[PDB]
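Throw the hints in and build the complete structure from the sequences for me.
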Amino acid sequence: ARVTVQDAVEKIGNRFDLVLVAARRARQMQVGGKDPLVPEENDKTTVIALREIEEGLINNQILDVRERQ
Amino acid sequence: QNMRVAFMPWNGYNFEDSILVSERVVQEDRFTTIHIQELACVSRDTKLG
Amino acid sequence: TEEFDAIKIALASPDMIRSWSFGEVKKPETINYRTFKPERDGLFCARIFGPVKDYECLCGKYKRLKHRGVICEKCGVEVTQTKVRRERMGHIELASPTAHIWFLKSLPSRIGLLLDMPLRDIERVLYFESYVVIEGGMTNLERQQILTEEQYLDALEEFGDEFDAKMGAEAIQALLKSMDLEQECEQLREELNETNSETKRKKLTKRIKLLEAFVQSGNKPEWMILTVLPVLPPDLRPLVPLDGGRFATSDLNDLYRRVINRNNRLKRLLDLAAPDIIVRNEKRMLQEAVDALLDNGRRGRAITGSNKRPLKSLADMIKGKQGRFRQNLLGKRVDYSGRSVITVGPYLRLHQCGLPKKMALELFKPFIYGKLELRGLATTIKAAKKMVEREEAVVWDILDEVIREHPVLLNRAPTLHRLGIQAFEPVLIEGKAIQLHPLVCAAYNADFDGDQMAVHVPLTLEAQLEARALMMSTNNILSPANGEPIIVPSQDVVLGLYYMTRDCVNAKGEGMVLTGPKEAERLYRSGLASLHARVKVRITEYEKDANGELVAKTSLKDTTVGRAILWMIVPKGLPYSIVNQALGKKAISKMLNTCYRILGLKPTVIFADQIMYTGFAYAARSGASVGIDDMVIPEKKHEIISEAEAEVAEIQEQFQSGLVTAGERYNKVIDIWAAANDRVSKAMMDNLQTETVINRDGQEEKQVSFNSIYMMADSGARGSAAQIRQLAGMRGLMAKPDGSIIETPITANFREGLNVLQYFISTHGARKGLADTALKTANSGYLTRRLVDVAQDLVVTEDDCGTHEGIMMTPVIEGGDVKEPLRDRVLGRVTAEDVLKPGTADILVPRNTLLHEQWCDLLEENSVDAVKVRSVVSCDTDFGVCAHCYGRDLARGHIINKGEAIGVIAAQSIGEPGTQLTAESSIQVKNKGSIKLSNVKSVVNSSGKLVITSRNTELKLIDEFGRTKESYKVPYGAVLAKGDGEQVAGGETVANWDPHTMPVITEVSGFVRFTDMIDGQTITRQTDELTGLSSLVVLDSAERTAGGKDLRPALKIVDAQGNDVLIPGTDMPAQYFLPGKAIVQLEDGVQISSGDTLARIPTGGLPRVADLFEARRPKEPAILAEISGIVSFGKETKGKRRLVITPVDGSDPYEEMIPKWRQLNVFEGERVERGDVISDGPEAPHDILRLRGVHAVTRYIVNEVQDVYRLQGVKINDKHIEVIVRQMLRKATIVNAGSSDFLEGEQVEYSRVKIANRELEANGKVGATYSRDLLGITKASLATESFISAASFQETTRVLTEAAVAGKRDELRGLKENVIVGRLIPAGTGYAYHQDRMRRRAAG
Amino acid sequence: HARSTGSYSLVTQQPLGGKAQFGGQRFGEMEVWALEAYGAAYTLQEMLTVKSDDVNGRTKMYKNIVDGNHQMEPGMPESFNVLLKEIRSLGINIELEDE
DNA sequence: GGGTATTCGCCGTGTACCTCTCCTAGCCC
RNA sequence: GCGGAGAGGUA
DNA sequence: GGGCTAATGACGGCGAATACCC
Ligand SMILES: Nc1ccn([C@@H]2O[C@H](COP(=O)(O)CP(=O)(O)OP(=O)(O)O)[C@@H](O)[C@H]2O)c(=O)n1
Ligand SMILES: [Mg+2]
Ligand SMILES: [Zn+2]
Ligand SMILES: [Zn+2]
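Going down the list, the protein sequences come from chains H, G, E and V. Per the authors' numbering, the very first residue in the first sequence carries number 2; after that it's consecutive. Per the authors' numbering, the very first residue in the second sequence carries number 798; after that it's consecutive. Numbering-wise, the third sequence is residues 14 to 931, 946 to 1125, 1135 to 1376 according to the authors' numbering. Per the authors' numbering, the very first residue in the fourth sequence carries number 1244; after that it's consecutive.
In short, the hints are calculated from the structure, not lab data. Don't take each hint at face value.
A few chain V residues that face chain H, going by a derived Cβ cut-off under 10 Å, partial list only [as the list claims (entries may be wrong)]: (1) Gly1282; (2) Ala1284; (3) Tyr1285.
Some chain E residues judged to face chain G by a derived CB distance under 7 Å, without partners named [said to hold, decoys possible]: (4) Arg47; (5) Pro359; (6) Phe461; (7) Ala748; (8) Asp751; (9) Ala1018.
For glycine and all other residues, C-beta sits at the position ideal for the given N, C-alpha and C.
In structure tokens form, the structure reads like this:
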């Protein structure tokens, strides 16, 4: 289990819209419109989206550019 | 019932006021209580029968 | 579901009520009790409210869904879904127009003052004893004349016409319909323009505001009287049939039936034209029934059938705890939730919790079904259900797989603060008890003695992310109240670590050299070395001294085996020193603190877990126990007790002879017993503390003992010195019921045995303690509820408002020393402006910077004493606060994030800890320093004293490097010794004054001259012989004799020649009005020395905190000065002496009456400052705010509360008290004019934005000056903008009535409203959402 | 004691309180305050509507969970509608406005 | 009559949970 | 058989 | 059973309504 989200909050310092972007990503992941960019280790889609956020691949702007594309 | 107790901390399984107990206690069947529930079914007389 | 906003409330007009209603309920019957079909007409009626069963009529002609609008011809019931029976309302046509109880009996009787008629008269009318003549035409009778029975009779017989009187609520409605709102409103404004008197102007302004509200809102007054009465949908007031032909019904059914009965009987009587008396009785009865329906309890309390308890009416359903808002709209009952007993589970990670299999399956049932169907193990949902009810291995495998990353919420019954709810990852376990991680117990206040916890499951994806991110145990390590860690090891862990680190003079393996901790463990676990034994070890510590790089320094330290064993866990960045000490509770806590400050969150979490595991393990290996011999009776106890008994015997015998009063003997005995108690305690601590006289190789030595109870004391695991005393010493003094202390103490201790008396006494003590805790908890709960309620809507909305205002914060140095230092007081606050070194143009902190640890240490290196920091109270932002004005402090370390609801965190942090809340002769400098006097103007006299002539004089202490250590307040008339510059030795007496005596000090010399001090009229010369004794009595105003009532004796201070010497610089003729009880002992004829005695003049805890936060006038408030300047007397002895403050510049006409009993601290010819004390006593916050202003009142409240809180040793950051205070003073009162109504109480936010709009406009237009007001949280919450917030917890009837009459419109704007309506709170994760919605209106 | 879904109450369509009947835990006002102290808006929202009080919301959420998707549709709590009806039963007109 | 006291009456008084009995009543046909 | 009283108990 | 009818043991705070004192 991912015991700390400290690096994800260091990516976006509000610590609140972090939850929103991670929820949007994990909702695009659960209802299978999209695919994970990280090799999953039997995590559920919430911890997958946090693991993706902490690695710098996804934020709000990447979501907006990919959605309009 | 009166049992052999030892006052010591045992890897924090008795951390707070919690109590540690030996399998011998359940084996010797010394803390098993019998309880008894009562249930009632009542057949009344309705006007439909 | 529609997307809505703005809930509007107003009076219901009878046509609107008819609009809502679907039918009339004519008969009160509901159902046939024999066949359970509803009545054809009745409180439950299918043709009015709806079909009982979905899509089928009553008689059964039409039952199919094909028909959706048809209304059966036989039974007039339409075929639709039974759910509609939940929303359709009915109505009753009343024969006699009836009054709405809410608009009548609510404390401000709005019918009463709207009609400008006192409540007493309306009551006289409503109970039908007398008439009132409403517009009696051209006769000799006024419009509000009360008439008795036979006066009405003779009047009617004499005056057949031009006589209009009527009775009852219909009469009142007649009065309401005929009122001209606008004409009376304008007349009232003219009257206000003509009238200048306080109380009438207040009643007039209230009434004018009411009239304006009606003419703006569009409500017509006549609607307060009911003609049609709506009836609640049936399913909301059910009549459920109990098994056994009997029925169970809500009380509303009874009330409605009674109302219908009285209505129908009145109808028949009207059709029969019965005499007036009988119809009046029937109308009265209908009144009782209806008003019992609306609000039962404002009358003779119409009780229920055969139960003696008053039945619950609609108002009762809404108002109150048990009823509604509290119960069902803020206190719901979620699904996917469980409860069970909590258990230890040491093996857990900090971020997880043991969860029983069966509850987990039950909770996650739908998840199980979904996953089972995805994997294809079940064809359909019912097969999934059957598979869960058999519970096969596949189900447990799916549960393990689904549970993997899904977090659950754990809650403990009294959720005092936000750490009462935390998220954990569950681990499936056997058993029926929930397993809780030990470290978090402190946060939950959880104990494993039958405490239970509830477990909720977050369902949606956003909820899961929120639980794991915001609420998870590991994310909450710092308390939101103060920055310190919450998860500190509690008792077993700290005991184990303590055992591990303490050293012993001699053991196995003394002084052998180890290459590292790993071979230390090799030695200890193999039994080749003691767990504690002094040893030299080579250790490599890491230090991040560079820009985040770790540098290994490796050297030989002298430590114990145990300290090495502990060092294995410690992460890289920490200095070895941390573990090198005894490692008690404090040491471990500060260890965690440093680990957090240096490394960050994740290492701190893992380090805490490691600490727990090692502590538990080695506590178990220690084998610490408690035997009867572990508590050592001090050897010299018996001697001490026998000696104290002999001493008490000598003092009692020496009392029986009568050289000492009873009280004095009491004091002596109590003090000698206290001394004996301290003696025995110290003897016991010496015996127990360092008693291990164990031998090294040769000679002996002595060391801090290894007595298990002593280790339990010193480590801070359990027990305090007091309880050790209570075990092995004499258990001190006790308090009897009334608080008086018993003369003989309890000499025995629990190791020994008490006897009946000593036990009995301690029983009283414990009983009182328990009762205290109970009542204390109730009061706490109430206080915290008010706090969270008042401050809920406050949110951090803006990043920086950009104001320059701020409060100059200093360290509160109460008397002897620095109770609370600067660094903690300023940490995490942004600065209001750059502070300069002691040398100008040496900027130490740029414009607003967050003051983190590094800045605080930098300030320590310099000698900054006071720092102006931006405070939330002075923040400029409209409708919330800005990040900068608040600061950083949180469970996390960084600056506050936009959107966070700081009001609730502040209120919770102030409330939760509130459950443990219950001579001055010489000054003595504590540390050697320079003396400095502040706010004083002295004049050296002939005796050589620095005479104090200021009442606000302070004597602070500057140290070597310019810092104020000690501070005292020196009053008028205290003899001084050292002046300015002198260095004072430790504990040296610098000042002197009489405790029970305030002397009046003369400024100049010369002869005492008697003026208006005539002998015989007001004074009686009773004088003694040569030695100069007298009893000349200058009595005060109250005690002056009957003849000397108006003649005021005076003493003018003249010199040796006769001329009155004038105060330096002033022309004032010194005319000294001798104050109360002036005993002129020193008669005329003795050269006065400088310092002659003229006149001898002989709560805390939870209630104090609640009173400070409610701003309660303490029934004897001190009085202050408004402007400065020469004060003067006036028209004498009217019953309250007049004081007129004359400003040297400003206008004179400010008079203040003063009661006779009041003693004055200032002389007439004195120089007062605004808001200086005139009378002694506790000051009510309102005056301080009004005179001195915002920063003064806020500092006063914050300091006064923080004093109570620190007295108990509970640390709270001031920001929370500040946030509450800011919520308190939300309102202002307008003094000028220009855009408002010139007197309306209006929130400071709207007033400020009106000024901002004028500034935004290029034209200056009108700007109106406003004065701040401070209101206590109860009233302050009552005067909130949103009416749902106020209605949520207070008198529902009052606020509901106010908002109904005012036509108020709620934009919800807050947290509690949004909660109630079930949409996203504007705080935190939802802030963006609401901000988004803000953009959604008035956009494309 | 634990429950996923079961019988709900008559007047305010919240789940029964108790152990004899399945019954849910009481998420009281103090717990609401706890959630508000965090920025936890969605958790509180579902706890307030989808978990207890919103009828259509609760059934839609059951179906959605069964479908293996985790979203929600908060709606307005039924108890609030009961509140409107009870206040409206007095002589007080309280309407949900729209613009 | 106008300001000040005094009586007077209403409103509030912690959360979560767990057992049990008892639930419209009286009189007349 | 949803409710509410009364009694007791838990933390 | 079914049918018909309908007293005394809190306490504090606050604000409005008289009681009364000049
Ligand atoms: N009337 C009551 C009595 C108790 N409680 C609850 O029981 C606990 C008292 O702990 P406590 O501090 O009083 C005893 P404990 O925590 O075990 O430490 P100690 O034994 O070493 O002194 C708190 O959680 C209270 O909320 C309550 O809500 N109402
Ligand atoms: Mg406990
Ligand atoms: Zn039909
Ligand atoms: Zn600001």
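Hints, verified against the model:
1. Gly1282: OK, holds: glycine 1282 of chain V within 10 Å of chain H, min 5 Å.
2. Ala1284: With a closest approach of 9 Å, the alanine 1284 of chain V hint holds.
3. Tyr1285: At about 8 Å, which falls below the 10 Å cut-off, the nearest Cβ of chain H leaves the hint on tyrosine 1285 of chain V intact, so it holds.
4. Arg47: The hint holds - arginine 47 of chain E has a Cβ within 7 Å of chain G, the shortest such distance being about 6 Å.
5. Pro359: holds, 4 Å
6. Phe461: Holds, because the Cβ-Cβ distance from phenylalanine 461 of chain E to chain G comes to roughly 4 Å (cut-off 7 Å).
7. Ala748: violated, 29 Å
8. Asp751: Status violated, d = 35 Å.
9. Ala1018: Nearest chain G Cβ about 53 Å off; hint violated.
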